[PDB]
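Notes for the one structure printed next.
Removed: one protein chain of the complex. Kept in place: all other protein chains.
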Amino acid sequence: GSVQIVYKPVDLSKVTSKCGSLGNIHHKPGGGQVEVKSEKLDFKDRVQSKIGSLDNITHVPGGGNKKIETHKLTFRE
Amino acid sequence: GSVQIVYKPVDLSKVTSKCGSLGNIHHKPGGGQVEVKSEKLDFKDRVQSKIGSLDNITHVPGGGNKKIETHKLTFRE
Amino acid sequence: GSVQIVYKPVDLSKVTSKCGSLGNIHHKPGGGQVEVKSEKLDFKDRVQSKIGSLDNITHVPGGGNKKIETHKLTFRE
Amino acid sequence: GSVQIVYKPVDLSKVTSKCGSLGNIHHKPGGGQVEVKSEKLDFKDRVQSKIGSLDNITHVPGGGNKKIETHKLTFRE
Amino acid sequence: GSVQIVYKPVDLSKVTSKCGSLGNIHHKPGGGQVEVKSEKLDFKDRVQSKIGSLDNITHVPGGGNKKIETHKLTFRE
Partner (left out) sequence: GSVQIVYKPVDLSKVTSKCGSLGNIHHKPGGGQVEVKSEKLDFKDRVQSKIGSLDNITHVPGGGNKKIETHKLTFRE
């Protein structure tokens, strides 16, 4: 029993963004309140949690192009 | 029993965005309240949770092109 | 039993962003309050948590292009 | 009296020529005579002149694309 | 009296020529005669002149792309 595998993906792909300008951008979020009251917190076994936040963000990329690839090859016996 | 596999995907694909300008953009979210009251929190076995947030975002990419590929090949016996 | 594997992915991919200008950008988030009151905190077994934050961010990349690749090959017996 | 002028022409123009081949080209102009007889020549005040020529030309550009722009802004008082 | 001028031309223009080959090109101009007879030549005040020529040219550019721009801004008083 002979197994022969060949894996030749050939990728010539271009992700591009030509952008003349971005210009003025104003972010004016109003002030807020986030009150939380909890008596107990028994976190365990890979628990990820957030308890109380106010997130203000201005993410402005001059081209935010994102390319994600994933190659995977699994062989058994 | 002989198995012969050939894997040659040939990709010549272009994701593009030509954008003359973006210009003025105003984000003025009104202030809010997010009050939460919970007595107990027994989180376990891969639990991901958020308890109390006010998320203000301004995501402005001059070209936000996103290309996602996934190649997968599995062989058994 | 002979197994022959060849792994030749050939990638000629370009992620690019041509951006004439970014210009003025104003971030004026209003002041807020994040009061949290919790009696107990029994965290264990890989627990990651945040308890009380006010996150103000201005992430402005002149080209924020992100390319992520992952090659993986697993052989058993 | 206040004058405010903004001059933002945004040009994203491409002049291109894809040409597989040019190949053989033969120029065989027959010999000629250009006899001129003039008694006087009183040239003055920016006079440009040619008196007697035989012009043989072979202008072969592999892409002779020519882009000409002109921006002009004049302000008085 | 206040004058405010802003001059932001944003140019992202590409002049290109992809040319697979140029190949054989033959220029065989026949011999000629250019006899000129002039008694006088009183040239003055910026006079440019040619009196008797035989011009043989072979201008072969592998891409003869020519881009010409001119920006001009004049202010008075």
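In this document, chain identifiers A, B, C, D and E correspond to the written order of the chains, with residue numbering beginning at 1 in each.
Simple rule for what comes next: a residue touches a chain if its C-beta (ideal position, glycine included) is under 8 Å from a C-beta of that chain, and two chains touch if they have at least 3 such contacts.
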item	value
Touched by the hidden chain, restricted to displayed chains	C, D, E
Touching residues on chain C - with respect to the absent chain	18, 20-21
Touch list for chain D against the chain that is not drawn	31, 54, 56, 61-63
Residues in chain E touching the chain absent from view	1-77
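The working rule: only the chains that are shown with their structure count from here on.
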item	value
Which listed pair, D-E, A-E or B-D, duplicates the contacts of A-C in over half of its pairs	D-E
Chain centre separation in whole Å, for chain E relative to chain C (CA means)	54
Distance between chain centroids, defined by C-alpha means - chain B, chain C (Å)	10
Shared-contact residues (touching 2 or more other chains) in chain B	18, 20-21, 31, 52, 54, 56, 61-63
Contact graph of the chains (line, ring, star, complete, other)	other
Every chain pair meeting the contact rule	A-B, A-C, A-D, A-E, B-C, B-D, C-E, D-E
